[PDB]
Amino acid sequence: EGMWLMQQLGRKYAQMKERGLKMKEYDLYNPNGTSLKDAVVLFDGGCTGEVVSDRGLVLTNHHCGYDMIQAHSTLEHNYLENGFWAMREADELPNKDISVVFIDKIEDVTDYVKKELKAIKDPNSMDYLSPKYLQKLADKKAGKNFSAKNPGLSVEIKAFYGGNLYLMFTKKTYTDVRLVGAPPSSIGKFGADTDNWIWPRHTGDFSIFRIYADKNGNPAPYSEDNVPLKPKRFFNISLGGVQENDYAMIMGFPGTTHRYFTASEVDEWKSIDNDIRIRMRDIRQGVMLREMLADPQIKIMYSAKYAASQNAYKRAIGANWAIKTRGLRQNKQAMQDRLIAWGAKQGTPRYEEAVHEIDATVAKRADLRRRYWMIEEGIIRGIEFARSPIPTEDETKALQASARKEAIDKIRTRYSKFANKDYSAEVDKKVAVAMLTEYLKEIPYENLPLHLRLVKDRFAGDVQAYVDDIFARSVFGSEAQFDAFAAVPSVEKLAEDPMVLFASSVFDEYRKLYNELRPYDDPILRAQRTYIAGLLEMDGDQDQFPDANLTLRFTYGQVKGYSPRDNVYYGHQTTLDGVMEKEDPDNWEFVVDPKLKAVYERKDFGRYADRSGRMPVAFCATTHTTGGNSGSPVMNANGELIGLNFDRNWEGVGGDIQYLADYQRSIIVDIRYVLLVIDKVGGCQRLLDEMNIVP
């Protein structure tokens, strides 16, 4: 059920041992010594990774190392499509802007932070959650020249439990992290977007990196003189596999959860956030799909934009399914009613006052939040010409010196980036007509961005005419229209341009709504500090975990499938046979790598197949994970690596608010499948040889 702090391992250890954990507590996490925790990294700011060799080899997801694989891909060596396998360490590719973070030490600094906070005076101060304020406290505690006396090391203080607990992290950051191996995208991204959030899953979602450092193992930026890192700890690879009900545990960096939402916040999340995102994205995607299916050239230009819109659309559908069917609202209502009854018995009304302040803030910001999501989903991300060029103050105060030619070159560069090889003005006019028709039906005239008032006032309610006019008269409506403006540029032409006025008008409303809504966050945050303090004082810190905040957490559960619906059971494990069942050579998402298909036909599974002779691919577990847990190590009862977490089923996405024991699962790529691909597909034996593989 939870995403536990490392400090909470002592308190959960007996429950974990009862659930099957065999390793000693301090071998998993030791606050004053080397432990398994030391082999876990924050990979490139938002993923998790793990050290799997004494030479700094790192495993993470294919989708986590995707940008690095793509940056090294060319028409001559397309690593994204064919995979990449460095046959020697010297052939491993450096990556600019990459990092791996080790959590060297973790310390509870609650009393220190709370004592420092007593000097505030203003009760409503938000310094208790300020990264700038907490960094000044972290620097004071670590010392004046800490990073100079301890190179590669840095300190950070974070708030937990709404500001009721503070931890200081000492981090070791390495920035020379090289690409070592990757399967082809047909394996690494087998499901592609069709299987995203889906279980059963048949994706070999892994990539391999290596941490490099100076001669002493200290962090150093890229240098040809850097040597592989010999770490304090690395994971042993298990080849024993998994069976149903086996104990499994994960360490990683879950980003965000909302476990302490009031019932009113669940209602708001459903009725505003999710319903607007679902309604607006379905309109956008519907027009886009019609156009992509009618023209193969439109499919090429819009495939990535369509897939990017679908990802959070599916998340919102899964989240709304949980609100509708798993009683999330009701369970938050029961959680807050229990605290209110306990507060009434203790003679302390502050918990009931805190829940009331959250409800009153939610109810007061309702119309504004609705207007914000409507413009963000409907226009800001819904219509491409909302992000068309807006001339700066510097650019107009140049057009009306020879700096007129420089202003036009800057505007031209932005026009060329908006109307790029993937932009269709015709598809965008169609999407805008459907999106604005919905937007104009939902947002009253007095609440519209100023330019949108022209639909009723100037165009007699004809949205199609309004959109046609924007393109017909705008300097960004076509290449010929821009070039005619660029030849004779007037600031009066730009100031009256229908597309400039639309873009300016919608961004002005988006910012005015953002600025008006920002003040409502603070009373809710302040009330949550009191609310969570009451919850913890009443039921304790065990069963109720602190919300995820991109910090190192552990979660434990079992390898177990689930029943998605009446008479249907999804087991705990998928096989290579499932990849072959899904093969469709004329659908790019489900093409099968010929070397992999041959391994399957010949049953060349070696030491990686299960006892039945079947090749496993992926498994699922009752661990509690979220975004940020991509690439996380999945451990055995003995702490040996059995897989990498890479996704979670859509039925469990409401698990960020309420864990769903009968539906929520972490989707994990089996480590045996990872090794079979490195071995029989990549032929990269040296990587197998440097890992410590246990029989």
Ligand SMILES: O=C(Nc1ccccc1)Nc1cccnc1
Second form
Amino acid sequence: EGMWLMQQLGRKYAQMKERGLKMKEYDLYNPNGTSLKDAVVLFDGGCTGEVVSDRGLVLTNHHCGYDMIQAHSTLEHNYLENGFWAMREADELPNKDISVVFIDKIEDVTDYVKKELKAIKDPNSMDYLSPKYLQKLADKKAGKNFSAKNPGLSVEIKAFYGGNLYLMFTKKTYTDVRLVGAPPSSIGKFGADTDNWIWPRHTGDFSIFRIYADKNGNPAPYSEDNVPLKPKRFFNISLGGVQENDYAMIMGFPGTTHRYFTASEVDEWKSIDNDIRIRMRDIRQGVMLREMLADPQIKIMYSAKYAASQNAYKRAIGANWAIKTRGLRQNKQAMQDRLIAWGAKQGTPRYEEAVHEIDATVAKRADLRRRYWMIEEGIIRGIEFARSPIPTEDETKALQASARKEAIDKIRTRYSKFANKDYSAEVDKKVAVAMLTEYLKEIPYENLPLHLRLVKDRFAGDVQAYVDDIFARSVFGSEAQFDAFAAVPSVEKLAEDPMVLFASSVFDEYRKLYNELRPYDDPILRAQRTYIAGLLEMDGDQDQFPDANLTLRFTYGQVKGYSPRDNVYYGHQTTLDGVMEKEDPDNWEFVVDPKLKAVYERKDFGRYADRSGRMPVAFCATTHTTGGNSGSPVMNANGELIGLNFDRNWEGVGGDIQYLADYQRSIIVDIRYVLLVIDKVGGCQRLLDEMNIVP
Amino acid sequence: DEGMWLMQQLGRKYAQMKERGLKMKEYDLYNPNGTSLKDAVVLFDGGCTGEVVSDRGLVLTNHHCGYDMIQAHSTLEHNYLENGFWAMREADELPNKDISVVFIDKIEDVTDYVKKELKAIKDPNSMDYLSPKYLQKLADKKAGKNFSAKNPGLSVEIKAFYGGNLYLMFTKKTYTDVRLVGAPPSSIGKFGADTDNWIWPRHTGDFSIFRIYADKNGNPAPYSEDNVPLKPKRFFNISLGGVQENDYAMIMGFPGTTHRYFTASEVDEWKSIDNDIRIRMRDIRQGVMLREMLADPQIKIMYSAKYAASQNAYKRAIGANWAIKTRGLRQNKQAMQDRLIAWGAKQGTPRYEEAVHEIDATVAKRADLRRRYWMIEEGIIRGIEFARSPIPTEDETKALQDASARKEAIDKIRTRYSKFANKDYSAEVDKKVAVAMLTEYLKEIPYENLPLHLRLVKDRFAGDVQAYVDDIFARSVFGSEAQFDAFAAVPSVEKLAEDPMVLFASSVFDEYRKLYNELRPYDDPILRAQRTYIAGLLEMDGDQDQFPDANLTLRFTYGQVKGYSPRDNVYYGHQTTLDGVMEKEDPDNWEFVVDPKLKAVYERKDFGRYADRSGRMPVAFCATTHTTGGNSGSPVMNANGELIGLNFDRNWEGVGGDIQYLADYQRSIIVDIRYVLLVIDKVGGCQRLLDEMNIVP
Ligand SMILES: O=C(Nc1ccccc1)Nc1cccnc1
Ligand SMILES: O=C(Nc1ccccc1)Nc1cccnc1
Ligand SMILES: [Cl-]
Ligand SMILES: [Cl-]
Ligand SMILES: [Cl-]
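Compare with the form deposited without this ligand: the form solved in complex with this ligand:
After this comes the whole thing, all chains and molecules, with the earlier chain placed first.
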């Protein structure tokens, strides 16, 4: 059910032991010694990774190492499509702008932060959640020269439980992290977008890196003199596999949850955030798919834009399914009513006042928040010409020195990036006509961005004519129109440009709405501090976890499938047979790697197949994970690595607000399949040899 | 494999059925010389199965079987199709024109008689052994002089089985006064609608209720207000015990057709010609049609039924090709024929190998013609609406070339034009469909094999399909209403003789008929070789584990209530519940609307004695019985012969079962009788129907 702080391991240990945990408490997490926690890393700021050898080898997801695989790929050596396997340490590829963060120490600094906060004066101050303020407190506690006296180390204080608990983390960061191995994209991203958020899943979502450091194992930026890191702890790899009901646990960095939402915040999330995103993206995606299916060149240009829009669209569909069917609103209402009844009994009305302040703030910002999501989903992300070039003040104060050419060259560079090889003005006009038709029926005239008022005033309500006119008269409507402007440029032409006026007007409204909505966050945050303090005082900091905030957490559960609907059961494990069932050579998402297909045909599974001779691929577990948990190590009852977390099923996305025991699962790539791909597909035996593989 | 057995084969299957769970006595299920459960089974309206469930002739069948009768009695004032129908008294039951129920009174093996009559051979290659006319002459000869007059209501029919190796005579009793008694609303009767056709899990309450009426003596009589309900020989008891996983289940019904004795070459032909062409052509047609329906809500209304009708056999072909590709259907037919050939070599009889060779040679020889036939049939005859545009008859052309018979010819042509260009026809949608269909057709069929008018695409239009189609509509008399009216005001034979649409329609129908006539002679050598082939199979392995192909005659099948795994890590259980109906509810989707009375029953848990042991309300179940088209409405029986459900569909994964039964995938989709009774009781409130049924605890 939760994403527990490392400090909460002591209080959870007995329950974990009753669920199957066999390892000693301090072997998993020791606040003053080496433990399994020391083999977990925050991979590239948004993923989790794990050290799997005494030479700093790191496993994470293929989708986590994707940018590094792509940055090293060329037409001659396409690692993204063919995979990459460095046959020697010297062949491992360095990566610019990469990092791995170890959580060296964690300390509870609540009394210290609360004492420092008493010197504020203004009771409404938001310094208690300010990264700048908390960094000043972290530096004060660590010392005036901490990072100089302790190289590679840094400190950070974060708020938890809405400002009721504070932890200081001592972090060790390594920036020389080299690409060692990756399967082809046909394996690493087998389901591609079709299987995103889907269980059963048959994706071998892994990539391999190596942490490099100086001669003493201290962090150092990329240098050809750097040597692999010998870590204080690494995971042993299990080949025992998994069975239904086996204990499983994860450590990682879940990013965000909303476990303490009021019922009114659940209603807002559904009726505003999700409904608008669903409605607007369904319109955008429908026009886009029609255009992609009718023209193969449009499919090439718009496939990535279409897929990027679909990802959070599917999340919102899954989240709204939970709100509708799992009683998320009702369970938050029961949570707050129980606190209000307990506060009425104790004679402390501040908890009821806090819930009331949240409800009143949610009700007061409704129209503004609806207008913000409507413009953001409808125009800012919905219409490409909304991000067309807007001349800066320096560019207008140049067109009217002979740096008129410099202003035109900068405008041209931005025009060329807007109207790039993937941009179709015809597709964009069709998307804009459908998106603006919806937007204009939902946003009244008095609330419209100034230029959109011309639809009724100048174009007699004809959206098509308004959009046609923007392209026909704009200097960014075509290359010939831009070149005619660039030959005879005037600031008066740019000031009256229909596309410039549209883009400026919709961005002005988007910013005005953002600025009007920002003050509503603070009373909710302050009321949440009181609300969560009451919840903790009433039911204890034992069965209610603090919201995720990109800090190290542990979660435990079992290897278990679930029933998605009446008479349908999805088991706990997928096999290589499922990959072969999904094979479609004329569908780029479901192409099967020939070497992998050969391994399946010959049954060349070695020591990696199960007791029945079937080759496992992935499994699912009742662990509680969210975004940020991609690449997380999945452990046995003995703490051995049995897989990597890489996704979660759409039925469980509502789990960020309320865990769903009968539907929510972490989607994990079986470590046996990872080893089979390294061995039989990559042929990289040296990586198997450096790992500690246990029978 | 797990067959559709003749009633005669019950004796030799009985011990296996008992070991699989059957508890009833053999003669209580089927007795050739007395009353048995077989007497409660009817052929409902020529293509469905039904069953008698009361001593007052009450009959249960599927909602999709009684659909036309429910629709024919529906009006804007009393929409029975939408709201359901529940006659609260026998006098309120609605008569139906052109309806029938057929009882199988007697079945007799007449093989020796037919084979003796056949020996009077004028031609060894004669097809009289399969001729309905010839076999009816033999049936009439055996039954006697004026049998129908001497035994009113009874009729005699002889059918060939096992490719002409076994013959049965059926004495049938037909009743034509069959009245509508009850039906759930369409929201229950066709809950999944087209989306869930061929799908398991299934949540559809596919049932309707009729009543057989007869004269004072229980003898067949056409509709008369003097008719009284039939007191039948036998009726099914209704069980409320339900089903559990692995329970024995059996069905009786009228499966229409199977191809259990196809050679490996016939499986290859079915895949590479029949199925691949139907799949490719319908995918093109459906794709254009769906794009047009999604862009214009008026096009969606006009083309929804045409789109759904095309999709039904398209899905079947996808399911059949999945079995050919993944379940080794070709390989298992090859093993079947190789085993017979090896046995024939040892018996010193080469006629079985010669028979398989004749089938292979005939299949190989007709390949190009059969490919051309399926290409024109799927591509144009079915694919393009203007292919069925009006073609002036020889008498209509003669009438237009000096009498008032000209105005009569124009009125007849106008009537046919008005039926072609009806309220659901869009010339714009049709031109778009034709351009895509003809582009694929012209790519596959060479110039020398094209229907004469299609040669104009290359010769006159420089390969521009769009221009050829545009020209047909721009210049044709049937291209628009204004163009027809201009023709009708000044009609000439010469205008019709040169009409581009008339020439297209005539040309494609001429080619379709020429191909049909060239292909017809190839059927006979295959049929004659199949008689020898199946005779060998029967002599070698016996008429015990190989059932005769279905031929719309009464058969029984047995199996168990069991789910299956459709793919890696996915299991579909044996039973669906009312919960599943509620999960699928979508008020803004006509297919998934939930009846408010049913939704209330679910919320209040007003399940009475119809819910299972755990308090869950069952809806449907699936079984390993072997069924096919014709089995819709079939009674599903317990180990004790009590009614536990009605068969209504089969999953797409098992459609290949018409050639080879698929034990791990093929299932009959059945509506639980507990759900049928729940709907009659709590939705219809028709207590009198429950009271007249014999419901056992
Ligand atoms: O961009 C994506 N796919 C893609 C890329 C190029 C071409 C075609 C498809 N997927 C994606 C996006 C955002 C979140 N998750 C997955
Ligand atoms: O015609 C059908 N459905 C339909 C009718 C009217 C409007 C919309 C849909 N279904 C169908 C089912 C089975 C075989 N053939 C056709
Ligand atoms: Cl370390
Ligand atoms: Cl012979
Ligand atoms: Cl099978």
